[PDB]
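Single chain ahead, written as structure tokens, the form solved without the named molecule.
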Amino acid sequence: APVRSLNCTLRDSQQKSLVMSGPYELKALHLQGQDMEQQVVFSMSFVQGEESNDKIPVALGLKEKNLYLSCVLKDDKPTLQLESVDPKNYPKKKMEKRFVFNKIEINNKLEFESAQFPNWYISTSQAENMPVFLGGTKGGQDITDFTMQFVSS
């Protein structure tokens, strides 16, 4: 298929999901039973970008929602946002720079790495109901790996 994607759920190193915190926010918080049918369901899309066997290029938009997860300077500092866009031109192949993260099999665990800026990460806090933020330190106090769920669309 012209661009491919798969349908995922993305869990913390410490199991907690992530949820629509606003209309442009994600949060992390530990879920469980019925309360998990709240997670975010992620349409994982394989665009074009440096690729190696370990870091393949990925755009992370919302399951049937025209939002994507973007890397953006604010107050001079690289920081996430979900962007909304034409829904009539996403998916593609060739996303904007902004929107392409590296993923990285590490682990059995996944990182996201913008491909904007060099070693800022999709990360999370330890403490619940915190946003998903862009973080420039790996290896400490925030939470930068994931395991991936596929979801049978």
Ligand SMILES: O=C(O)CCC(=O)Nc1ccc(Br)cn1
The other form holds:
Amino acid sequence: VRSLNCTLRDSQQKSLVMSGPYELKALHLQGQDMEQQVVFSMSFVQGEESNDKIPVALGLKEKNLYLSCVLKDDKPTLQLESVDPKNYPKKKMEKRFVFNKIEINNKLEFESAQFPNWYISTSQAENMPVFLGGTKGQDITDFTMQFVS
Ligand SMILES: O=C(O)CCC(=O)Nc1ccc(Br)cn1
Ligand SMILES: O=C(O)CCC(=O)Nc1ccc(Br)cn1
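Moving on from the form solved without the named molecule, please list the structure of the form solved in complex with the named molecule.
Up next: the whole complex, starting with the chain shown before.
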């Protein structure tokens, strides 16, 4: 499986950082604190694809953790899920790990492959969790990607 290392920023230009072991949060970041931003390994996985819709998994660089979409208290929910490090990343990632990376107007949306029309989202307010949202409103669902060495 092929992977690229990257960071993500939402379209309000908030960076993503760890909020405890199994949550991300989004905040405006610049300067020295830049290094606290999460580096992803974006893997290009099996699934239905088009010019503008590319299935990916989002693992945390050199951690056995992946963003995962599951029902929690009966709602689609974003979580950070641990995996066996000897078996990941792999080309046939389980559906809960797969996001359709969609380019629209020079930005990126990450739709859950498991839960159609639910998206990786951030709040307008600073220091709030990254979450799975079913509305494209006040919540932000557009991102840019930055390549890292
Ligand atoms: O993220 C930034 O503001 C700079 C890097 C950048 O241009 N990233 C980018 C551009 C177009 C798309 Br689509 C996704 N990511
Ligand atoms: O996946 C895509 O089509 C967009 C990716 C993209 O344009 N990324 C990017 C990253 C850094 C810089 Br600088 C410019 N563009």
